[PDB]
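Taking it in order: structure first as structure tokens, then the write-up.
Partial complex: the chains shown occupy the same locations as in the complete assembly.
Letters are used for the chains, namely A, B and C, taken in the order the chains are written, and counting of residues starts over at 1 for each.
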């Protein structure tokens, strides 16, 4: 589990459940290639996106579909999505947790990077 | 103006208006003595709490009545309040802005400290 | 595990390890009674503070000694501590996760409250 994504709802103090997440990797030609996708579980987490061996050095983008999450709750939020873009594994393999905290007009994101 | 508080509402995407703010200094016997108060303006700001000459070195507490704010909006809050506590002026007088971001189950606070 | 506390360092993207945490409960006379204490583990977490049966309804305060954490890293931070104050269990038993995100001049806190 070198990459996991966790999403929380700051209005309810809860996991944000069933949030779509798409991950991309920047190719050598500079385009963004689809890399993995999934949706958050009942705990707000999304595990199993990749493997140590597939998750090579590169620039990755995690796109969180926050707008659909809010719209299903009846809210028209500010952001179209939350996108988190980062270089991974540039000094060897690491485990990444991308946390995102949602409010209708704000989001926060934090990365926790550990060396297993 | 040595101490400013600024509050934003992450649910509405607005300044947090009419939020009550109380300021305390720590007394000799470790108790919190009341020092200033006010409420945020239509821009979410509260100015005028103290003056340069009264705002001497010491430990100060700012307590933001978030619970009453959310209750006035009809939104269920988690916290009783949001407090910063900080030592002021320890390397000379400074201007302090306490920037606060509010959600019902989360807040943030940040000091912006500038030299006069 | 009705109460857990998790602390992260936003400078390094890591758990904040060995952070002291003191929990208080407001007594019927309005004073703050010591309730539990501990320090964060290697994962930034502090588990085992209380039990379902001891953690009755009340107003609780979680005091995080963030200043000592920064000072051990050579930094003189803004805040003396981070304090999180909240009513717990007012509509029956819940599980509370109090997360805190530390920077030298900022902290963030989020509560995740689940019904087991």
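By our rule, contacts are C-beta pairs under 8 Å (C-beta built on N, C-alpha and C of every residue); 3 or more make two chains touch, one makes a residue touch a chain.
Shown are 3 identical chains; the number of copies across the whole complex in this structure file is 4.
As a convention for this text, only the chains that are shown with their structure count from here on.
A straight line joining the Cα centres of chain A and chain B is 33 Å long.
In whole angstrom, the spacing between the mean C-alpha positions of chain A and chain C is 26. For chain C, the set of residues that touch two or more other chains comprises 108, 110-113. Interface residues of chain C, counted against chain B in their complex, comprise 59, 76, 78-81, 83-87, 103, 105-113. Of all the residues in chain A, the ones that touch chain C in their complex are 8, 10, 13-15, 101, 108, 110-114. Residues 9-14, 75, 78, 101, 103-106, 108 of chain B touch chain A in their complex.
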